[PDB]
Amino acid sequence: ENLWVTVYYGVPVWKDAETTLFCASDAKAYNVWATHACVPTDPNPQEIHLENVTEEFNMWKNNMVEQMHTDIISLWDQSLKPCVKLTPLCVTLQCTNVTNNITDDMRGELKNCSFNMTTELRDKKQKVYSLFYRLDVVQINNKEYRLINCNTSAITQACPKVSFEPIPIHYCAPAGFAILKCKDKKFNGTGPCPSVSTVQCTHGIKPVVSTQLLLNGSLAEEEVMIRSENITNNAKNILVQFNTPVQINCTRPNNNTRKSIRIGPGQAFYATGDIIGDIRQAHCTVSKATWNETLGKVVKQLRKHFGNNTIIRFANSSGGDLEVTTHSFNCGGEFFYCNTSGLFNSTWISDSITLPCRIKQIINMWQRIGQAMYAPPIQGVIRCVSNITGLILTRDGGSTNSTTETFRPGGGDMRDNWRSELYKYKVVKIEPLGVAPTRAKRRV
Amino acid sequence: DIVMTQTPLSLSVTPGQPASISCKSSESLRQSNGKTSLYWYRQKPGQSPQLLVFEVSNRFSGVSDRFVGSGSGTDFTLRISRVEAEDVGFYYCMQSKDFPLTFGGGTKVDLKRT
Amino acid sequence: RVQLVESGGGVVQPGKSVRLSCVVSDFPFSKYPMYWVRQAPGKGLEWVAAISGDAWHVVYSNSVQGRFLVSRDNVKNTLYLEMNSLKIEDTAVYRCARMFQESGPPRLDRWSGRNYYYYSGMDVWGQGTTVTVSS
Amino acid sequence: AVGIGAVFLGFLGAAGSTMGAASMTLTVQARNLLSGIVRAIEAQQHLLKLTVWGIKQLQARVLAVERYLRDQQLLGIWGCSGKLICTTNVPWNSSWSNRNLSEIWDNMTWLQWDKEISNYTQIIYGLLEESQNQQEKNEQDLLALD
Amino acid sequence: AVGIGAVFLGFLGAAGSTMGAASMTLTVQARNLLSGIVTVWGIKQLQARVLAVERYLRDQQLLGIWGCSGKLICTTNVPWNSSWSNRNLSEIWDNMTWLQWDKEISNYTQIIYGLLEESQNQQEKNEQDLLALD
Amino acid sequence: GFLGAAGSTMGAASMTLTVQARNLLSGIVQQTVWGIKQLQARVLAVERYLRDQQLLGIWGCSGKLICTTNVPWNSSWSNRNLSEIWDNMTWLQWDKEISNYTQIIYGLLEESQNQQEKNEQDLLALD
Ligand SMILES: *[C@@H]1O[C@H](CO[C@@H]2O[C@@H](C)[C@@H](O)[C@@H](O)[C@@H]2O)[C@@H](O[C@@H]2O[C@H](CO)[C@@H](O[C@@H]3O[C@H](CO[C@H]4O[C@H](CO[C@@H]5O[C@H](CO)[C@@H](O[C@@H]6O[C@H](CO)[C@H](O)[C@H](O)[C@H]6O)[C@H](O)[C@H]5NC(C)=O)[C@@H](O)[C@H](O)[C@@H]4O[C@@H]4O[C@H](CO)[C@@H](O[C@@H]5O[C@H](CO)[C@H](O)[C@H](O)[C@H]5O)[C@H](O)[C@H]4NC(C)=O)[C@@H](O)[C@H](O[C@H]4O[C@H](CO)[C@@H](O)[C@H](O)[C@@H]4O[C@@H]4O[C@H](CO)[C@@H](O)[C@H](O)[C@H]4NC(C)=O)[C@@H]3O)[C@H](O)[C@H]2NC(C)=O)[C@H](O)[C@H]1NC(C)=O
Ligand SMILES: *[C@@H]1O[C@H](CO[C@@H]2O[C@@H](C)[C@@H](O)[C@@H](O)[C@@H]2O)[C@@H](O[C@@H]2O[C@H](CO)[C@@H](O[C@@H]3O[C@H](CO[C@H]4O[C@H](CO)[C@@H](O)[C@H](O)[C@@H]4O[C@@H]4O[C@H](CO)[C@@H](O)[C@H](O)[C@H]4NC(C)=O)[C@@H](O)[C@H](O[C@H]4O[C@H](CO)[C@@H](O[C@@H]5O[C@H](CO)[C@@H](O)[C@H](O)[C@H]5NC(C)=O)[C@H](O)[C@@H]4O[C@@H]4O[C@H](CO)[C@@H](O[C@@H]5O[C@H](CO)[C@H](O)[C@H](O)[C@H]5O)[C@H](O)[C@H]4NC(C)=O)[C@@H]3O)[C@H](O)[C@H]2NC(C)=O)[C@H](O)[C@H]1NC(C)=O
Ligand SMILES: *[C@@H]1O[C@H](CO)[C@@H](O[C@@H]2O[C@H](CO)[C@@H](O)[C@H](O)[C@H]2NC(C)=O)[C@H](O)[C@H]1NC(C)=O
Ligand SMILES: *[C@@H]1O[C@H](CO)[C@@H](O[C@@H]2O[C@H](CO)[C@@H](O)[C@H](O)[C@H]2NC(C)=O)[C@H](O)[C@H]1NC(C)=O
Ligand SMILES: *[C@@H]1O[C@H](CO)[C@@H](O[C@@H]2O[C@H](CO)[C@@H](O)[C@H](O)[C@H]2NC(C)=O)[C@H](O)[C@H]1NC(C)=O
Ligand SMILES: *[C@@H]1O[C@H](CO)[C@@H](O[C@@H]2O[C@H](CO)[C@@H](O)[C@H](O)[C@H]2NC(C)=O)[C@H](O)[C@H]1NC(C)=O
Ligand SMILES: *[C@@H]1O[C@H](CO)[C@@H](O[C@@H]2O[C@H](CO)[C@@H](O)[C@H](O)[C@H]2NC(C)=O)[C@H](O)[C@H]1NC(C)=O
Ligand SMILES: *[C@@H]1O[C@H](CO)[C@@H](O[C@@H]2O[C@H](CO)[C@@H](O)[C@H](O)[C@H]2NC(C)=O)[C@H](O)[C@H]1NC(C)=O
Ligand SMILES: *[C@@H]1O[C@H](CO)[C@@H](O[C@@H]2O[C@H](CO)[C@@H](O)[C@H](O)[C@H]2NC(C)=O)[C@H](O)[C@H]1NC(C)=O
Ligand SMILES: *[C@@H]1O[C@H](CO)[C@@H](O[C@@H]2O[C@H](CO)[C@@H](O)[C@H](O)[C@H]2NC(C)=O)[C@H](O)[C@H]1NC(C)=O
Ligand SMILES: *[C@@H]1O[C@H](CO)[C@@H](O[C@@H]2O[C@H](CO)[C@@H](O)[C@H](O)[C@H]2NC(C)=O)[C@H](O)[C@H]1NC(C)=O
Ligand SMILES: *[C@@H]1O[C@H](CO)[C@@H](O)[C@H](O)[C@H]1NC(C)=O
Ligand SMILES: *[C@@H]1O[C@H](CO)[C@@H](O)[C@H](O)[C@H]1NC(C)=O
Ligand SMILES: *[C@@H]1O[C@H](CO)[C@@H](O)[C@H](O)[C@H]1NC(C)=O
Ligand SMILES: *[C@@H]1O[C@H](CO)[C@@H](O)[C@H](O)[C@H]1NC(C)=O
Ligand SMILES: *[C@@H]1O[C@H](CO)[C@@H](O)[C@H](O)[C@H]1NC(C)=O
Ligand SMILES: *[C@@H]1O[C@H](CO)[C@@H](O)[C@H](O)[C@H]1NC(C)=O
Ligand SMILES: *[C@@H]1O[C@H](CO)[C@@H](O)[C@H](O)[C@H]1NC(C)=O
Ligand SMILES: *[C@@H]1O[C@H](CO)[C@@H](O)[C@H](O)[C@H]1NC(C)=O
Ligand SMILES: *[C@@H]1O[C@H](CO)[C@@H](O)[C@H](O)[C@H]1NC(C)=O
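Protein chains in written order, with our numbering: chain A, 1 to 444; chain B, 1001 to 1114; chain C, 2001 to 2135; chain D, 3001 to 3146; chain E, 4001 to 4134; chain F, 5001 to 5127.
Just so you know, these hints were derived from the structure itself, not from any lab.
Among the hints, erroneous ones may be present.
Stated by the list, open to error - Going by beta-carbon spacing under 8 Å, a handful of chain C positions derived as facing chain A:
| hint | residue |
| --- | --- |
| 1 | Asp2109 |
| 2 | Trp2111 |
| 3 | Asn2115 |
As the list claims (entries may be wrong) - The list that follows gives simulated cross-link-like pairs (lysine-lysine, PhoX-like), each with its CA atoms no further than 20 Å apart:
| hint | chain 1 | residue 1 | chain 2 | residue 2 |
| --- | --- | --- | --- | --- |
| 4 | B | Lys1044 | B | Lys1108 |
| 5 | A | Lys441 | D | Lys3137 |
| 6 | E | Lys4071 | F | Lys5037 |
| 7 | A | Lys429 | D | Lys3083 |
| 8 | A | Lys15 | A | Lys81 |
| 9 | A | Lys441 | D | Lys3083 |
| 10 | A | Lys81 | D | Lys3137 |
| 11 | B | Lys1044 | C | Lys2043 |
| 12 | C | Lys2043 | B | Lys1108 |
| 13 | D | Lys3049 | F | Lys5118 |
| 14 | A | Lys28 | B | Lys1035 |
| 15 | E | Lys4103 | D | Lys3083 |
| 16 | E | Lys4071 | D | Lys3083 |
| 17 | A | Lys185 | A | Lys304 |
| 18 | E | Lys4103 | C | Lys2031 |
| 19 | F | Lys5037 | E | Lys4044 |
| 20 | E | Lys4103 | D | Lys3056 |
| 21 | A | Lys297 | A | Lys185 |
Idealized CB from N, CA, C, for every residue including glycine.
Let the hints inform the model, and build the full structure from the sequences given.
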């Protein structure tokens, strides 16, 4: 009995590899996110379930994330291209402290600074004063205030017809390539998965920019589930997803005006107007006992991978960078720096809550220092409601003696926001050419 | 399921007196093709149901040109014009986006009597 | 033209069975699916059930599920509606109806194999029929 | 008002099945090497002329075409072009396994077989190329005596 | 300083003729699918050339998966289902053009494709290896 | 060899072209500013190979590399005797002796391909 060779088509062979992906707006159902260079898609991608397949995923090691980060950065730069640069601002300022109709916790904040600035004709000049913050100018030698970033990268202005709200995004599969999907509920970020189905497009994904808390995220199935690779390596981070959301009120407590100043030919800058009314400070407000129930669920889920007679302690974070000092986000085209150093005073054996917030204007982007974009102050009263879906936790090293472990917030690498969503999907290559042995023989 | 709502039910007006009836819901009833599902129907007691229009501002053969509605996306509406004798009865709103099919509140117009 | 027939109404008792009928004049039936609606005497209105173009797609509602049956011959131009396990609160009016336009042949989706059907809502009614359930 | 209906085999419908039975969905599996989106792409096919992004899409399309050409051309080198399967004249080397066929054809799947035989590759390619050369043209030249 | 000496058929000249007679000019179209070349402008040139390549490879792949590859017109073993049309064999070949037939059958395409793929796979290739052994 | 039969007579290099054929059965096997050129180069290569495979595939000669057909050779294109061609002429000289009548030869092969081979096959299929 001699045996022979045969060669086949159609064998599904999987090679874990990398490719450029395929943008998809949800039928382009409609600005920064005007997303004209993207594709209208089916709101009902077809879903095919499988059998018998086990498959390993590897969270933190997926090239979807890096492509996502580059694409969102380049689209962010694309939106801010055609608008008017702000080069002649780097003259000095004649300032004075605002001493009119003060409130308690807004001392030293607002300043009144007047200066020379050119008109649209070269041969002239003018006098302009505008109301400015304290987090934006520096002393020189009234006192004399120059600006924060004139001895570094330049400053432009976003156009006022350009919204900041995120839009749900789908990714889909380029030809020749496939996407697999797991359906376990308690599936940790690595390890196998025996329940396999496949699609051609992702679900709706919102590019949400947050700094300390998962906002507008995805709720889990059952409870708190905890995601990290190596909890003994305390240099890593710990990704935590909730079950149930937390409603959170934060609002701009003030009434606001805005000027419109001419710079040059076709060059108009928007400065801050003059405030109608008195002065307040921005605040944030949450439930009381629901937070306690939430951290009770936290304690209930921490007990598996480490000790339960080990006592749980919360603390303020280590401090430092304003990227990770306050919790920041993008409600209503404005950026909020909220003093979260009161919510994390806790230690447990395993109505209204109010915190102040801060506002800036000169906004460096993701981690880059070679870019600076200025927002126009929006008039009126801003109110923003959202949810809270998860936390990013850091633990110190050297925590010996089997109890009283300390947890702190942090994690200023915003790819983990994407890792907190894309933990289900995997891109793989098809190689349809296969061989096999058999007993038959061909003929001449 | 996919549900909806109407305006308040009863109405009693005079001839030559336009008004507005809306019909909101919980979802965009836009299909894939761009056709958006919305039916306006009416009948009276002692009378079978009747077809008024079949789409947003698209009417049916035999219907007068007095009755053309509006409203797209998630807010759907209808505008009464030229109040006449036969304009009384039950006014219905209907989905056909997905199973199951739903029937609205049934606003009513009559005259002034007791 | 096109004119409807709705027979089989009156008053019955629980624990029975019916067969209904709807024969509508001069209409092709090879291309037209059709519906059932329901008029409660407290003005209750609810969709009931739908048949395909050629009896290949059966979708019911929640309360009627697992109790009723729809079948049809298009040769005899005759519709069959049969009901079992009768409740007392089934007291209403039953009315036969038609689809707005005709759908075509079934559509296929090649990346799935799921042979799609397309529907759209109704246009016209007839006279209806009234079956009430009491003791 | 969209209702679904009857069924077919479908894309990747047999990846967890017996190879002797899963050997018959090769058509639907092999159709989508050049597609997967078989839908108004043409407008963005048109107007993306002054950017790098349509250039990268052009990169992707040309690369996919070349991969299909590489596969079909390498099959075309052998005398098995234009077919689904073919038998040949290389005797199997029983050094590579000695399992009976009743386990492979009944209780073994494709990815298992991939993880088994993944080092014997280029040897098999060379032997197939040899038998498609040796006496496939030489004795065929000797079979060209008419 | 030229003259004209026409010999062969026109490009799509037979389109207004009947199907059974216009079946004999099928060469000219496939003769004229991939020619015409025989800053922004070269960009859209390459765009056009890539589109032509893609459609030609798509249709040759659809040829190749069937057992009617390489050659022109052929046969199969799928018996006709009369649920699509019901003519009596003269009204098509002698009394109908191509655009008419295309508008008659442009809803049943994918089923016919799939069933030809089915009969091409099944009982043709596993059956071949059944016949390749006693 | 890669173009090894250059300075030979056509009838002299009439036997060892199969080794040339296997050696010409390669090219993609055994693998910014400049990348634009690379893309255009790949485009040119794909277009030439598809041109050749199309022109093979239209005729009945798309299997083996030499074949026969049903066209009588007309004496209007050349007039040289057979041994005169096969023993006293290179390829380039034959090329310049035929490179005006080529399109007509293509069209005659095309019509010979269509006619009396497929509709004739179709009548032969009916029993
Ligand atoms: C050509 O071609 C054609 C094709 O067609 C077409 O094509 C194309 C155009 C495309 O379009 C496609 O698609 C199409 O199709 C062909 O034709 C074909 O053929 C075939 C064959 O025959 C067929 O098939 C069939 O099927 C069926 C189905 O099923 C269904 O139904 C069922 C039942 O039935 C029914 O029942 C009722 C009750 O009883 C009844 O009624 C009645 O009536 C009377 C009269 O007078 C009265 O009235 C009384 O009273 C009453 O009762 C009726 O009649 C019946 N019918 C009949 C026909 O029979 C059941 O099962 C069911 O129902 C089904 O349905 C289904 O269901 C489901 C559930 O629900 C559904 O779905 C759903 O949906 C939803 C939404 O979407 C969701 O999703 C869910 O999830 C789902 O599920 C619906 O409704 C449906 N679906 C569908 C898809 O449809 C059947 O039945 C049959 O079967 C049978 O037979 C066979 C053979 O024989 C076998 O195999 C099987 O197994 C069976 O068996 C049988 O059974 C019986 C009883 O049991 C016995 O007696 C016997 O013996 C057995 N057999 C043996 C052998 O054993 C069939 O298959 C079709 O249809 C056709 N089509 C048409 C259109 O027509 C043709 O053929 C061609 N040509 C040539 C020449 O070839
Ligand atoms: C294939 O497939 C397709 C589908 O699918 C497609 O494709 C695919 C691929 C994809 O793409 C998808 O997507 C697509 O869709 C199919 O198609 C189909 O077709 C058909 C045809 O026929 C159709 O149907 C129709 O429809 C109509 C409506 O619709 C239309 O319109 C609308 C508005 O404008 C629109 O929107 C729509 O769209 C449409 O349109 C259309 O579209 C299309 C698209 O493409 C195009 O193509 C076209 O062109 C267009 N057209 C136009 C015109 O526009 C309706 O209306 C109709 O109905 C009617 O007609 C019928 C016939 O004639 C009638 O019946 C009659 O009746 C009588 C009684 O006496 C008798 O005697 C006779 O005999 C009959 N006939 C016969 C033949 O038998 C009926 O009835 C109707 O008529 C009417 O009725 C009414 C009632 O209701 C009346 O009213 C009256 O009035 C009076 C006074 O005024 C009083 O008031 C009373 O009360 C009332 O009642 C009237 O009068 C009448 N008229 C007269 C003149 O008489 C039809 O249904 C459909 O639709 C389609 N589909 C869809 C979906 O769409 C195809 O077929 C396939 N196949 C092939 C082969 O191709
Ligand atoms: C900010 O400084 C300006 C500069 O003086 C002041 O506002 C104006 O001052 C001029 C002259 O001092 C007055 O004629 C105007 O009536 C003032 N306008 C307003 C709105 O006050 C003032 O010291 C500061 N103004 C504000 C709004 O802070
Ligand atoms: C704007 O620039 C002008 C110069 O053109 C300044 O005018 C003089 O400034 C000096 C101080 O450097 C004063 O001592 C003079 O009294 C000013 N003369 C006049 C006529 O103004 C002016 O101070 C500048 N103003 C601002 C707001 O920067
Ligand atoms: C622009 O100039 C300022 C001048 O104050 C620089 O500020 C320095 O900031 C560091 C802390 O980051 C202090 O320790 C220094 O004392 C500050 N300098 C002075 C002279 O006080 C600022 O760094 C400069 N910008 C850049 C990009 O170098
Ligand atoms: C997680 O990180 C820890 C370090 O925090 C790794 O621990 C190593 O353990 C081995 C064996 O005891 C030691 O020889 C190494 O020195 C440790 N590393 C360091 C940096 O001290 C551990 O291997 C990591 N991986 C896990 C737990 O899977
Ligand atoms: C984290 O919380 C601690 C607790 O209040 C903060 O520490 C205080 O810092 C201020 C300013 O340096 C001191 O005056 C207090 O005496 C500190 N108190 C304690 C108990 O340490 C710390 O500043 C907070 N960090 C951040 C970034 O907000
Ligand atoms: C904002 O956060 C800082 C740092 O945690 C707080 O600063 C200290 O807070 C404690 C608690 O009230 C005080 O005892 C210290 O005196 C504060 N430090 C200083 C230098 O004053 C600060 O209180 C927080 N803001 C609010 C409104 O509580
Ligand atoms: C700030 O508050 C004042 C309170 O009077 C608002 O002033 C009036 O607002 C109404 C409607 O918003 C206008 O119709 C009046 O003309 C306003 N009067 C004056 C004197 O301003 C003001 O609108 C508020 N600011 C903003 C941005 O809404
Ligand atoms: C914020 O959280 C609330 C719940 O506290 C969300 O409301 C539910 O949202 C889910 C899906 O988003 C729906 O299925 C539920 O029906 C909603 N609840 C109710 C009572 O309608 C709310 O959607 C969240 N916000 C965002 C932007 O997702
Ligand atoms: C199957 O493959 C093996 C390995 O390639 C072959 O084993 C070699 O056999 C030759 C003589 O036949 C020896 O000179 C080599 O030393 C062997 N290889 C090793 C690694 O020891 C074997 O001959 C092949 N069998 C057939 C039938 O082709
Ligand atoms: C989840 O985490 C644990 C502990 O780190 C480890 O087993 C692995 O990372 C995950 N579990 C499984 C079963 O894969
Ligand atoms: C948030 O504010 C809204 C009104 O703006 C109020 O209805 C809601 O109850 C508030 N929720 C919390 C948790 O404070
Ligand atoms: C934590 O400390 C802060 C400031 O000292 C205080 O406001 C807060 O009440 C403390 N937490 C608890 C639970 O007492
Ligand atoms: C594996 O797949 C085959 C067919 O694909 C199926 O018969 C079998 O039930 C599957 N295995 C399990 C455990 O479901
Ligand atoms: C194959 O089957 C024969 C017959 O029973 C048996 O002797 C032999 O051990 C089997 N070999 C394997 C690898 O199963
Ligand atoms: C595969 O299945 C056959 C029959 O059920 C059994 O004899 C054999 O042992 C199985 N293989 C393994 C590795 O268990
Ligand atoms: C086709 O056949 C039917 C009956 O078989 C006959 O009535 C009709 O005249 C025929 N038509 C033609 C064109 O042969
Ligand atoms: C080249 O010319 C020499 C001159 O005699 C001859 O011997 C040789 O065969 C020629 N080469 C070929 C390939 O014919
Ligand atoms: C054949 O060739 C010889 C020389 O090889 C020449 O003299 C003769 O004229 C030719 N005859 C014909 C009919 O071509």
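For the pair supplied as a hint, E:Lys4071 and D:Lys3083, confirm whether the alpha-carbon distance does not exceed 20 Å.
This hinted pair holds, its Cα atoms lying about 13 Å apart.
Hey, does the C:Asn2115 contact hint survive, CB to chain A under 8 Å?
violated, 13 Å
Distance restraint between E:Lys4103 and D:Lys3083, which requires alpha-carbon spacing of 20 Å or less:
Violated, because 33 Å separates the two Cα atoms, which is more than 20 Å.
Taken at face value, is the distance from the CA of B:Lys1108 to the CA of B:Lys1044 at most 20 Å?
Measuring from Cα to Cα gives roughly 9 Å; hence the hint holds.
Measure nothing beyond the straight line between the CA atoms of A:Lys441 and D:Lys3137; if it is 20 Å or shorter, mark the hint as holding.
holds, 18 Å
Hint check: C:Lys2043 vs B:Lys1108, CA-CA at most 20 Å. Holds or violated?
It holds: about 13 Å lies between the C-alpha atoms, which stays within 20 Å.
20 Å Cα cutoff - pair E:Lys4071, F:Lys5037:
Given pair E:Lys4071, F:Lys5037 is violated - Cα atoms ~36 Å apart, limit 20 Å.
Chain A contact restraint for C:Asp2109 - C-beta distance below 8 Å
Constraint on C:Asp2109 satisfied, holds at 7 Å.
Supplied contact hint for C:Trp2111, tested at 8 Å Cβ to chain A:
Holds, about 6 Å.
Given pair status - E:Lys4044, F:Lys5037, alpha carbons within 20 Å
holds, 16 Å
Holds or violated: E:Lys4103 and C:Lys2031, Cα atoms, limit 20 Å.
Status holds; Cα separation ~18 Å.
Distance restraint between A:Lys15 and A:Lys81, which requires alpha-carbon spacing of 20 Å or less
Not satisfied, since the Cα-Cα distance of roughly 39 Å exceeds 20 Å.
Consistency with the previously given hints fails for numbers 3, 6, 7, 8, 10, 13, 15 and 20, ordered from lowest to highest.
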